[PDB]
Each structure stands twice: as C-alpha cells, then as structure tokens.
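> Listed below, chain by chain, are the residues.
There are 2 protein chains.
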Amino acid sequence: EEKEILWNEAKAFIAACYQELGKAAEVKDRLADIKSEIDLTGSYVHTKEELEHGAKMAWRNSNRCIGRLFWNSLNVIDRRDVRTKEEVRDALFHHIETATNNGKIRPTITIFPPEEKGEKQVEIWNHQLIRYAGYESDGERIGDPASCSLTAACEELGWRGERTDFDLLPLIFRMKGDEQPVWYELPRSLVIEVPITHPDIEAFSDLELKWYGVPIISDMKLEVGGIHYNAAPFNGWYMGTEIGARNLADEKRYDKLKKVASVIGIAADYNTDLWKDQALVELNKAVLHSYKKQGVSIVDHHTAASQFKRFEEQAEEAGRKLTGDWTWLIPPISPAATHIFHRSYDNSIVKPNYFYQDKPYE
Amino acid sequence: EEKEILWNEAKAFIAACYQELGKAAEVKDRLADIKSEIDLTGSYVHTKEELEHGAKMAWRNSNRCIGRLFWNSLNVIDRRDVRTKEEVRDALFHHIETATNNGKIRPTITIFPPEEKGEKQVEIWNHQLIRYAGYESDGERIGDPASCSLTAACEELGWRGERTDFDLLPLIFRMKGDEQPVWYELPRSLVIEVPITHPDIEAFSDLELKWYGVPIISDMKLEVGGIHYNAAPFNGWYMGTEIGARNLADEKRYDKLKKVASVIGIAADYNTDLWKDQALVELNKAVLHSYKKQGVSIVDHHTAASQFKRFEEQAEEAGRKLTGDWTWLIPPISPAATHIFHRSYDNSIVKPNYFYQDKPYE
Ligand code: HEM
Ligand code: HEM
Ligand SMILES: CNCCN(c1cc(F)cc(CCc2cc(C)cc(N)n2)c1)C1CC1
Ligand SMILES: CNCCN(c1cc(F)cc(CCc2cc(C)cc(N)n2)c1)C1CC1
Ligand SMILES: C[C@H](O)[C@H](O)[C@H]1CNc2nc(N)[nH]c(=O)c2N1
Ligand SMILES: C[C@H](O)[C@H](O)[C@H]1CNc2nc(N)[nH]c(=O)c2N1
Ligand SMILES: [Cl-]
Ligand SMILES: [Cl-]
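Chains as they are written, first to last, in this note's numbering: chain A, 155 to 516; chain B, 155 to 516.
Do not take every clue at face value.
Treat identical chains as interchangeable: a pair holds within one or across any two.
Mimicking DSS-like on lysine-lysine, the simulated pairs with C-alpha atoms at most 27 Å apart in a straight line are [what the hints assert, rightly or not]:
id	residue 1	residue 2
1	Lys406	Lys463
2	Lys157	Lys271
3	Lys412	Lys463
4	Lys475	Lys413
5	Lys463	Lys258
6	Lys463	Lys413
7	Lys410	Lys463
8	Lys165	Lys182
9	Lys210	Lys513
10	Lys446	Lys412
The hints are simulated quantities; they were obtained by calculation from the structure and are not laboratory data.
If we strip away everything but chain A, and leave its shape as in the complex, we get:
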C-alpha cells in the first residue's frame, strides 16, 4: 500500500511540476526512472529542480498564508547531504544568517534528508529556530508561555535559561540512532532583535518590549510527490499583527495590553471605552515603526492583503484554482478593512504542501 501511495503521489507531482517548468515531454522517461527506483529501493530521489519547485508549490498551496504572492522567489537550500549533528547545526546557523541578510529578509527554506520508512533522519524540536523561553513556577510567569513545554524539555537536557522575559532557546534536534537530542546555544551575533518604540509616545520604551527579526518555522513537514521532508525549516518576514496583535497581546502570550494602555495614557477600566482596541492599534503602530526604523523587513496587514489580492488575480490568470483558509487569512485587527473578509475561500488541501506533525516532547 505504501509504495502505491508513493507512486501515485509521484505521478501527480512530476506531471504538474514538469508542466509548469515547460518540461512536459520529459515526464514519461522520468516517471519510468522513478518507478524502477521505487521498485528497487522503496523510494525515489528528487532532482534539484524538482525539490526547488516542489517547495515553491508547497508554499503556493498553503491555505493559511497571506504572503503567497511571492511563492516563486523562495530561496531553496538543498541540504540532503548532511549526515552529522555538526553539519545540521551549521546548516541551521547558516539559514539564520542568509535569511536575515542584515535585515533585508530573504524568504528561505533549508531542506534536510527526508524520512525513509517513516524513520526520521533529523528531528528538529524547536517550533521556530529563534524563539523565547517560557517559565511557570509557583504563580510566577516569565517569558513566553507558548514555549513552556519545550523550555522544560531543554532544561532536562542540561540547558539552563537565565529567566529573563526574552531568553533565546538553544537549537535542539535529534539524529537518527541517537536516544536524546543535542542542544546548541544561538550565537547572539546571528540573531537580530528589534526594541519596540512608538513614533510619538516617548514613554512606550518604558515597557522594555522587543521581538526577534526573523520567524523561522522549523517543526512542519514538507511533502513533495510522496516524499516526506519532516525537517525543512522555512521563513518569510513578519506581518506586523503577528507580533503586535498576538505574540505581545494574547492573554496566554506576553499579555501586554493593560501595560500598553497605561503608557499611552488611557484608562483600562470600561469595555465601552474600547481601551483594548486602542491599545492594540498603538502597539501595532509601534511594532511597524520599530522594525522599519531598524531596517528589518516587515509588512503591515493592509499592504499584505493587497499583495494577496494580486496572488488571487495571478492564480486565476494562470488557470490555477485558489485555495485558502478564511479564518487564518483575515488579520486579527480591522479584518473587515481588507478584501479578504468580504469573500470566501475553498479550504481544500492540495499537495505539495506543509503539514503539522506530532511533537517529540509533550
């Protein structure tokens, strides 16, 4: 059954990929080559062109992503050659450096060897390559609560966090054949962070907020033509609301709205004053301003939605069906001010794509 699944997914992907690449005449010989290889080995190996276009197709098919206009300019780094933990570490360090690009962020993906028989070659524990630790003990909350379980797991492995609100988690990953993951501290010279200030309100710096420059999702599986790349971290640049309306605002994240209300000089006493809404707007203005001031790439939700409209137009003009998840595409502030809110989207799953996978901790 498993080989049949592979072959069926392979046929569909190669035909579509080669069609898009104007290589339709080569489909038949490639398909034969693949079928023999599956028969003889139980799997097949993508060409570099297939891997690159496959990762791009996967982004294009990601229903929850508003940033898809730029799918075809993804920078794909082929690291299927890695065999050691030092090579994985250096490849992750390199991804951070080249994606960051001194603040002019390059959307990038680094692709490690795929699963063989469901057996992972490299298993990354981090949710993002750069993220803050979280602690909870005796009523005391420190840092990012979303990171509490991973932080606890790291501290089982001999790591110890300083317990500031912004401790950088180490990289943590496991190699096939090892019982435990290894961890490596991130070189601070690689990690750009942005202090949050406000364009008009000088007191906003009293909150001492900051966030990291580049969000690099490292716990999703890339699936391309039946091949499962469980380790394939990728990044774009932030849309401001991710930081200002969620990471810093959610009650189960940094929960800063009451403190924001106080520094911008408004009462946080009555629902009818809409103080949470006003605080959200000012915090989100501050996030956009601060990233821009430091020369780190970011996009606001209005510009992002306009770009997504162009993605919709491009899909239709190219004759491709559009898929999307309305509930994730609408931004968490002023959604009705974007065109997304006022139309609907087919939430069907098309492959290649990025998928959730079970955590190895928890």
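Based on these hints, arrange chain B with the ligands on the given structure of chain A.
Showing chain B with the ligands alone in chain A's frame:
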C-alpha cells in the same frame, strides 16, 4: 411529499418544545390532533405557547448571532389575525414603538399569518423596518448604497426621496391578491435616531453622522415545526461594531474612514501608519458614547462576547449542543481579543430557525 415534510417537522418540534416546557405527557394527544388537522386541511395551527417558544428556539439556534444569551426573554407578538394592509401597517408601527420603548430597547418579534401552500399572505419588501435610502446617478452617490435597489423600487411606486444621506425609506409590503405592494411613510415621532459625537474630540460632530436606534430585520423567514412564517420582523439592540465598523465604514456603505481620519487629526497617507485601524477605533468609541449619552440601548463587542461565553456555558449545562458560525460571531474589530476567535463552532443548521428568502424586487 410536502405533507410528509410538514408532519415530520411537526413531530420533531412538538416533542422538543413540550419537553422544554415540561409538557411531555401532552405530546401524544397534541400530535394526534395535529395529524388529523394536516390530513383534513393540509396544515396545522400553532397554539400561542408553541408559537412563542418556537420563535425563542429559532433565535437560540441562529448560528450567526452573538446576542443569543437572551433568547428566552424575547417578546413575541402574535399577529396571525391580520387580514388588511391597514392592520399590517399599524402592527409594524406598533412593533417599532414597543421595541423602541423610549430607548430601553425590548427584543421583540411580530408574527404575521404564515404561507399556506407556499402562498404568502403578507410579503414585506423592507430589509429592516427602519433603514436609509440610497441613490446612485451620474457618478453621484447619496445615502446608503445597500438600499439602492429597494429605493429604486419604491420610487417606481410613486414615492420620492428627499435625497439627503439619511432619508427614511417608507414601509413597503404586499398583500396576497394584490399585484403591487403599498407604501407608508414612517411617522418621525416613532423613529429614534442618534447623532454621532465623540467623547473627547469636539470636531467629530462636523461629520454630521447619525444612525437609527433600532435594527428590525424584516425580510427573513421564521420556520417552526414545518410552518413557514415568511413575515415575522424581529429586533434586538445594536452591537456597536455593526454601526461603526461596517455601516459607516465599509467602502460600499457610508465609507467614512478618510473623513474620520481627517477630523481626528491623523494623516491618511500610509498603510504602515494604521490610520484606518485608528479611525475605526475612534469611530467605534464615538458610536458607543453617543448611544449611551442619548439613553438608547447598545452593547460593545467585548461585553457581547462575554455574554456569548455565558450562552455557551448555559447550553452545555442544559445539555444542548451549541451551534455557531465563527465567521459571523467574531467581531470586525479586535476579534482576537474575544474568546470566540480562539475556539471553533459546529455550523450545523437546527430548527426552528430564521432563514434567508428571495427578494421580491431585484
Ligand atoms: C514572505 C513573507 C511571509 C508573510 C508576510 C507570511 C504571512 C503569514 C502569516 C501572517 C501567517 C499566519 C501565521 C500565524 O498566525 O501564526 C502565515 C502562515 C503560514 N505561512 Fe506564511 N508568510 C510569509 C512567507 C512564508 C513562507 C516563505 C512559507 C513557506 C515556504 C510560508 C508558509 C506559511 C504556512 C505553512 C503557514 C501556516 C502554518 C500553520 O498552519 O500554522 N509563509 N504566513
Ligand atoms: C439582543 C440584542 C442582539 C444583539 C446584540 C445581536 C447581535 C447580532 C449581530 C452583531 C449579528 C451579526 C449581524 C450582521 O453583521 O449583519 C446578529 C445576527 C443575527 N441575529 Fe442577532 N442580536 C440580537 C438580537 C437578536 C434577536 C432578537 C434575533 C431574533 C429573534 C436575532 C437573530 C439574529 C439572526 C437571525 C442573525 C443573522 C442573520 C443573517 O444571517 O444575516 N438576534 N446578531
Ligand atoms: C502558532 N500556531 C501555528 C503554529 N505554526 C506556525 C506555522 C507557520 F507556517 C507560521 C506561523 C507564524 C509565523 C510566521 C512564519 C512565516 C514563514 C512567516 C511569517 N510572517 N510568520 C506559525 C507552526 C505549525 C506549528
Ligand atoms: C446584511 N447581511 C445580512 C442581512 N440580514 C441581517 C439579518 C439579521 F438577522 C441581522 C442583521 C444585522 C442587524 C441586527 C439585527 C438584530 C436583530 C440585532 C442586531 N444587533 N443587529 C442583518 C438580513 C438577512 C437579510
Ligand atoms: C465572506 C464572509 O463570510 C462575509 O464577508 C462575512 C464575514 N463575516 C461577517 N460577519 C458579520 N457579523 N456580518 C457580516 O456581514 C459578515 N460578512
Ligand atoms: C479556532 C480558530 O480557528 C483559531 O483561534 C485561529 C483563528 N485564526 C487564526 N489566524 C491566524 N493567522 N493565526 C492563528 O493562530 C489563528 N487562530
Ligand atoms: Cl511568530
Ligand atoms: Cl444594520
């Protein structure tokens, strides 16, 4: 087939209704009475208790409505006795007066005779009993564009609007056996309106905005136990975002955000300044403040979501499944600041309920 549908819907409704009313022992005799009546007449007539509880169940089952905590206090007016257009008009006038209640709004529904064989007895053309006209001619937009088609239809019937931005449409409805609907001008003494001012910004009155006090949906069908009440206007009170984030803000409605930005003294030049978001917040604060200042009922979206949380808790505690439409329940500003955004809802249709029906104009 049609009688069978009726009987099946009747069985399900009476059992559930009588169960809720602690009248379970009476279900069998009532069901027999109904079955004979369907056989002999092709239909059946609800008791006043059934009609009242049915309309309440229908509200409770309305997936898109955040205001459902108060379903059991709906004021149900039984007007199945009306036979003339003067009686319908006076009943609609009365609904406005008693629902308005000098500003302390009473959630109310007036129920007219139901369809007989799909044949309507009374056909209401208005979308809401109180709404503003809209005009579009030679590049000139006046009033509410959502009302353009109904306004044009009214002006076919001898009505003429003054062409202010806030012309009250007349009541317009058709009686069984008449080819054309009739129209009646609304007595202004019945219609409460609220001028929009801002708590801190004196210039906000320069926009000369206003809105009407009571939203009274008059074009939906109430279905109860297989009986189709196509004419059954109902109202609650406004949630502020309906007015400030949509009616006055949508580009295809009153489109006031640029003017709002100007009176609150901010530039409307750069997406990254989040001027639309800031304008939305101030306009929404102004709407809440103005309704409160005038003593007209209104609820903010935070309080409304908290009430909806209690509705969820009440449903579970009563052993009823909860249904809801996430895409309509989330408010259009700061949705991620409400609990609704962070959970999911089963969007299944349960009856009794309120349904869309085809417009008689357009
Ligand atoms: C270029 C800049 C990009 C922007 C501004 C952007 C924007 C976003 C945003 C706002 C989300 C919602 C995430 C959340 O709320 O947690 C998202 C989800 C997503 N994006 Fe993008 N994105 C970008 C690039 C990329 C790239 C390069 C990839 C992959 C190659 C990608 C794949 C995804 C996926 C898979 C999700 C949803 C995953 C999930 O279900 O949690 N995006 N994107
Ligand atoms: C008591 C105050 C009430 C509040 C604050 C409230 C709130 C809301 C809101 C905000 C919406 C979204 C509508 C839109 O965006 O256009 C809505 C939809 C709805 N409400 Fe309520 N509501 C209330 C009372 C009622 C009552 C009394 C009924 C019926 C007896 C009702 C039935 C509905 C229905 C059927 C819809 C959706 C109709 C559609 O699909 O367009 N509501 N409600
Ligand atoms: C938190 N719930 C979703 C979890 N999650 C996530 C995935 C993304 F692709 C993207 C994000 C948001 C971060 C992000 C990622 C990228 C690539 C760009 C961008 N602007 N923002 C989260 C990974 C699956 C576990
Ligand atoms: C505009 N698109 C939906 C159209 N629509 C509508 C229905 C409602 F029940 C409610 C509303 C919103 C007005 C409303 C109605 C009530 C009863 C309370 C409240 N706070 N607000 C609209 C009627 C079906 C045509
Ligand atoms: C396509 C989308 O479902 C549509 O624009 C909805 C979104 N959610 C909404 N929610 C409410 N409350 N009212 C609306 O009119 C809409 N419009
Ligand atoms: C239940 C609901 O779908 C869930 O809270 C979603 C809503 N939409 C979202 N949208 C984005 N972009 N990110 C999220 O984390 C969520 N959470
Ligand atoms: Cl993030
Ligand atoms: Cl309305």
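> Against which earlier hints does the structure fall short, listed by number upward?
4
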